[PDB]
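K.L.:
The hints should help you fit chain B with the ligands onto chain A, whose structure is shown.
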Amino acid sequence: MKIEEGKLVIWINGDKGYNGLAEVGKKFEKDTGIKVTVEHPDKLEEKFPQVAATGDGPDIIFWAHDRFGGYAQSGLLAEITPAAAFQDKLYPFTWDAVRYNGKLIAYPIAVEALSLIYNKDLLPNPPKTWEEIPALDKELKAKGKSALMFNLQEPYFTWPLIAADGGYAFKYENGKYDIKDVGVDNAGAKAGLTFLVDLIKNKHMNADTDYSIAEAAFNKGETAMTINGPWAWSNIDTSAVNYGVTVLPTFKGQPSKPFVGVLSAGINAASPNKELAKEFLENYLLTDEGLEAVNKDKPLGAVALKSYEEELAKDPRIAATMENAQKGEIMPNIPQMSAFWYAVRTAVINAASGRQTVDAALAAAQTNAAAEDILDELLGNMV
Amino acid sequence: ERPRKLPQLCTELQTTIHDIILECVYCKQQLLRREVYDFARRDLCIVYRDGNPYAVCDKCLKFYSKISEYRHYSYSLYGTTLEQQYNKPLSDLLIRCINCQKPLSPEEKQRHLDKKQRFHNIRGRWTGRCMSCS
Ligand SMILES: OC[C@H]1O[C@H](O[C@H]2[C@H](O)[C@@H](O)[C@@H](O[C@H]3[C@H](O)[C@@H](O)[C@@H](O[C@H]4[C@H](O)[C@@H](O)[C@@H](O[C@H]5[C@H](O)[C@@H](O)[C@@H](O)O[C@@H]5CO)O[C@@H]4CO)O[C@@H]3CO)O[C@@H]2CO)[C@H](O)[C@@H](O)[C@@H]1O
Ligand SMILES: [Zn+2]
Ligand SMILES: [Zn+2]
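Sequences listed follow chains A and B, in order.
Those letters in the first sequence? Residues 1 to 371, 2137 to 2148, by PDB author numbering.
Those letters in the second sequence? Residues 1007 to 1140, by PDB author numbering.
No lab work stands behind these hints, which were simulated from the structure alone.
The C-beta atom is built at its ideal place from N, Cα and C for all residues, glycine as well.
Among the clues, some could well be false.
Cβ-Cβ distance ranges computed for the label pairs, FRET-style [said to hold, decoys possible]: (1) A:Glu-132 - B:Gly-1057: 35 to 43 Å; (2) B:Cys-1139 - A:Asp-210: 44 to 52 Å; (3) A:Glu-79 - B:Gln-1091: 18 to 26 Å; (4) A:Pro-92 - B:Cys-1139: 49 to 57 Å.
If you want the footprint, here are the derived chain B segments under chain A, 3+ residues with CB under 8 Å [stated by the list, open to error]: (5) 1081-1094; (6) 1097-1109.
Isolated chain A (complex conformation):
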């Protein structure tokens, strides 16, 4: 049915603190009378542009900022108009993540980066380099354990290694992304993905490992290390594993470069509740108490709100998150990002499984990531 006037429907991914967000919604309803319903549908980031194009969907959509330029290009997001006093409450770099064609298209919530998570009892001194992992795994297999398991099905988790020696999505210069300069099939990307594939060939990782498998193995104490983001920490806590969060290993002496996501909240252009959505986001969620309620459910990472981040930054896990973030890069928000991710997803899965060589997999991903731009040129108006 159509978006209901006089309530708020929110979509947020199932790995985030949606119960905590619902608590913020309950407070909003207690104070204002406006009911807030939080949902976590599957593939919400693919459902949103479909339903919103027909004028339906949630009033508010949460995702990392990389999806939002495509939504804005399709006219699916309301422009957001925080006063200068409110903008000053959040870190400038988080506003830039949600700035598209010079306009703010979402509210930034929290800064996410992947870190190396390690079991301190199994591995008191985690490896500084990727190159050490094979030997460390042989040592741990002799103890009935393994060195490292992390999700190999989503390119977010393998990108830090692919980028380390030179892979990139779109070249960034003059404050702008050059969509004609894609770095998926260059020598640095091949070197990193070759290292990953060699880990699999040499029985240090399995191509089929997904999020659930890696999480279960780490939280059961079966593997010494995983790679994950802040939202994963609360399940590790309840598992009673003594864990640390640290800088990702280097590759060829270069830092791993995670793609940094800013969890962001956009307002559906078709919402009849844009004013209520702004009041909820600015004056209930983006407060110390609102972010704390979400954070106590699943940790958000380094929040965009300065007053609360000043407390969270004292947590060494947050310091590690931001150390990895600073070595990585902010994701582009441009519409071409989704095609980039779908292309790299296929390349990593096909190379890891041996369906394609690293070279063929990345050559195809480079083309796929650029496919619409290539077509624009083929059909172009040129002399």
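P.N.:
Same frame as chain A, now just chain B with the ligands:
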């Protein structure tokens, strides 16, 4: 800058359209001779990857064009509105057939005007239908 049209590419390579060997930018397969001639007749643009020139084969052109239409269709306008928006007659605008990618002739554009057939915008590209693609 590099040649964007087949004739200039042929001149630079001191070859002719009858002799030139081109590969598809997407699949890297060699174009059939028929595809080379069609590339030129459809006024397509040579594209450069890693500093090397490429054309496009018919299978890939149709595949990515269909995707682009299905995902990036926006809206439609009558020809007179295009003429007001761009301040030019249709004859001066590049409008390709949505099916065969050929630039529409002036007579085909005037046929759109006379028969009240709108043009469609896909990713900023304005399209109609030539006569052949009925
Ligand atoms: O049907 C075949 C195929 O379906 C399933 O995979 C699909 C996914 O279910 C689907 O969600 C979709 O995934 C895309 C996604 O739409 C696209 O946006 C892009 O995703 C990026 C994020 O945008 C980016 O923010 C980042 O996401 C992080 C996130 O920031 C962080 O907060 C936390 O949530 O972890 C996320 C990573 O999981 O990175 C991802 C990229 O990894 O790219 C996705 C594709 O990689 O499309 C999938 C493919 O169809 C099934 O899972 C699959 O088995 C089936 O083969
Ligand atoms: Zn082809
Ligand atoms: Zn035609």
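K.L.:
Between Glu-132 of chain A and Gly-1057 of chain B, is the Cβ distance one that fits in 35 to 43 Å?
P.N.:
holds (38 Å)
K.L.:
Using a Cβ cutoff of 8 Å, are there at least 3 residues of the region 1097-1109 of chain B near chain A, or does the coverage claim fail?
P.N.:
Contact hint for the region 1097-1109 of chain B vs chain A: holds, 3 residues under 8 Å.
K.L.:
Return holds or violated for the Cβ distance of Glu-79 of chain A and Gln-1091 of chain B against the range 18 to 26 Å.
P.N.:
Since the Cβ atoms of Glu-79 of chain A and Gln-1091 of chain B sit about 24 Å apart, the hinted range of 18 to 26 Å holds.
K.L.:
Between the region 1081-1094 of chain B and chain A, are there enough contacts, at least three residues with CB-CB distance under 8 Å, for the coverage claim to hold?
P.N.:
Per the Cβ count (0), the hint is violated.
K.L.:
In this structure, is the beta-carbon distance linking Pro-92 of chain A and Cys-1139 of chain B contained in 49 to 57 Å?
P.N.:
holds (52 Å)
K.L.:
Assuming the hint says 44 to 52 Å, is it satisfied by the Cβ distance from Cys-1139 of chain B to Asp-210 of chain A or not?
P.N.:
holds (46 Å)
In this structure, the one hint that does not hold is number 5.
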